[PDB]
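Chemist: Here is how the chains run, residue by residue.
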Amino acid sequence: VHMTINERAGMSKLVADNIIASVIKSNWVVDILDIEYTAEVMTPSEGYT
Amino acid sequence: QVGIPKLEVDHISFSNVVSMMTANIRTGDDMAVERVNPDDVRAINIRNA
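As you go down the protein sequences, you meet chains B and C in turn. Using the entry's author numbering, the first residue of the first sequence is number 1137, and each one after it goes up by one. Using the entry's author numbering, the first residue of the second sequence is number 1285, and each one after it goes up by one.
To be clear, the hints were calculated from the coordinates, so they are not data collected in a lab. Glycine included, each C-beta is placed from N, C-alpha and C at the ideal position. Some hints could be false.
[As the list claims (entries may be wrong)] Label-pair distances were calculated between CB atoms; the ranges are:
id: 1; chain 1: C; residue 1: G1312; chain 2: B; residue 2: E1176; range: 45 to 55 Å
id: 2; chain 1: B; residue 1: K1161; chain 2: C; residue 2: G1312; range: 25 to 35 Å
id: 3; chain 1: C; residue 1: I1330; chain 2: B; residue 2: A1152; range: 21 to 31 Å
id: 4; chain 1: B; residue 1: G1146; chain 2: C; residue 2: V1301; range: 48 to 58 Å
[Stated by the list, open to error] Far from chain B, by Cβ distances over 12 Å, these chain C residues were calculated:
id: 5; residue: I1288
id: 6; residue: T1306
id: 7; residue: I1309
id: 8; residue: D1314
With the hints as constraints, model all of the structure from the sequences given.
Modeler: Given below as structure tokens:
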């Protein structure tokens, strides 16, 4: 399943764990559109801080 | 002939068939829910009637 999530509001936490598990176990792709983020592009020497 | 209902006639009767739970039915865990109130109050759609 390639699941799109436009919302996340009202979602059960248990359902979220179940979906993430579905990523890990049933290879779901799960596109969460609500999230906003800055990014950093670390050099290999730098590592993930 | 079919048996006359006991309440239909005036004789008292001291042997009767009472239905029963086999064991206490309040024994189990009480129901609990995960309420999750809306993200933004201004975004709520109280319309639609």
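Chemist: Report the numbers of all earlier hints that the structure fails to satisfy, in ascending order.
Modeler: Hints that this structure does not satisfy do not exist here, as all of them hold.
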